[PDB]
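Only one chain is given next, in structure tokens, and it is the form deposited without its partner chain.
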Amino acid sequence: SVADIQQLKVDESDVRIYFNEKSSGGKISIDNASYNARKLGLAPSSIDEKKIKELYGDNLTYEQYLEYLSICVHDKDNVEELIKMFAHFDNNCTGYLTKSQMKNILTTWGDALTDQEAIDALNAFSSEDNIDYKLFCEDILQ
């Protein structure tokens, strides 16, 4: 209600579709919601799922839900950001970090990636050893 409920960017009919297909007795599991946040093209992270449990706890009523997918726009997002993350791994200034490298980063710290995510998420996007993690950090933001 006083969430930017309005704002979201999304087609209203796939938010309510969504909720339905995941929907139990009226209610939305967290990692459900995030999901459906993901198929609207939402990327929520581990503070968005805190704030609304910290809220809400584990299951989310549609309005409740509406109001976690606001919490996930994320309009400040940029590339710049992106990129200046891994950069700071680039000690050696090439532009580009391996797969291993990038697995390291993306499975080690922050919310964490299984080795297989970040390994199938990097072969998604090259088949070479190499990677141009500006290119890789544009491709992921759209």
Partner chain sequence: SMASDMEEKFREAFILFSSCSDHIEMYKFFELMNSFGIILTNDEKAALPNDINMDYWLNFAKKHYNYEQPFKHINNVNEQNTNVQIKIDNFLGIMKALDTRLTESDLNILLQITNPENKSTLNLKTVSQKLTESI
Contents of the next structure:
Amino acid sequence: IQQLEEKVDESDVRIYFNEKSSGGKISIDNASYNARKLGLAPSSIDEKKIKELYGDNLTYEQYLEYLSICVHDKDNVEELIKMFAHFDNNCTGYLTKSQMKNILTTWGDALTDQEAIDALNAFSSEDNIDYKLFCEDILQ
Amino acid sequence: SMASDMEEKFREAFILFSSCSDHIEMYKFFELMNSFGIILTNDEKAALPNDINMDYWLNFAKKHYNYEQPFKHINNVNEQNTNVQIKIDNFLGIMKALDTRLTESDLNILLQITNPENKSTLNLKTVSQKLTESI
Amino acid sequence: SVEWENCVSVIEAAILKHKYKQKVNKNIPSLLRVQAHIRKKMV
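The form deposited with its partner chain bound is what I need now, so please give it after the form deposited without its partner chain.
Time for the whole complex; same chain goes first.
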């Protein structure tokens, strides 16, 4: 795919594989770690799609396919804020750290309390979080 | 444990009914507990705090939930009216008669979980079973 | 009948909870993208 070659460093794709491969194959967990190091953002949907095709352990070529489905070109602040907008009861565009922690740890590919509180402290030292800004920061 | 595995669904439901607040309005707390089949006596209601938070709810839920028959109060009417195949119409009549907060559209969601497609005979023991299945 | 009042309280409330659940599920695909980008930022 011409969308993959443009977004990721082709040498770092080969190298990150060598950093984690074993018997000519890489584990899905490691392929997702590599994808994140390359600046992609796989979800459990992307892990389920490649597992149905190839199983737990990926050849180099299977690994290149996995990186192509991890691209997610459509992602912007409008598409990320849908769950925060749902729970914003005062129409202020802010949520407390507790509110975001609960949202991030209850549904979807839930974060742990630590992963969630770390990500939020990394973005701001203040209790009220502009959820539009938070999504801008994690996108860039 | 049955209790620890419920804690996920109890936390989810507090967030949904509080609209992700720290404190839940009392009328919403009554819906929250009723949604898991819990009904208090007026004397137990008098002991509730007015400021209800997630931790209160989680201890309250783990104690008052009926692990074997979550929706006992649906089947406790079966002692009054024994297992009978209420007409899909007669059952809608029983619902709109008793003061209810559920619309005809909400009645369809109830039909969509319980019927599912038989559109003929409905006993209260299936609707309790269907509603436990969708916890 | 208190037994009837009980029975409808629990049915209305259980449908309410289902409606609230099916409306947050509409937003989960979105939330997976937030979680995905957080996991990427923090790798």
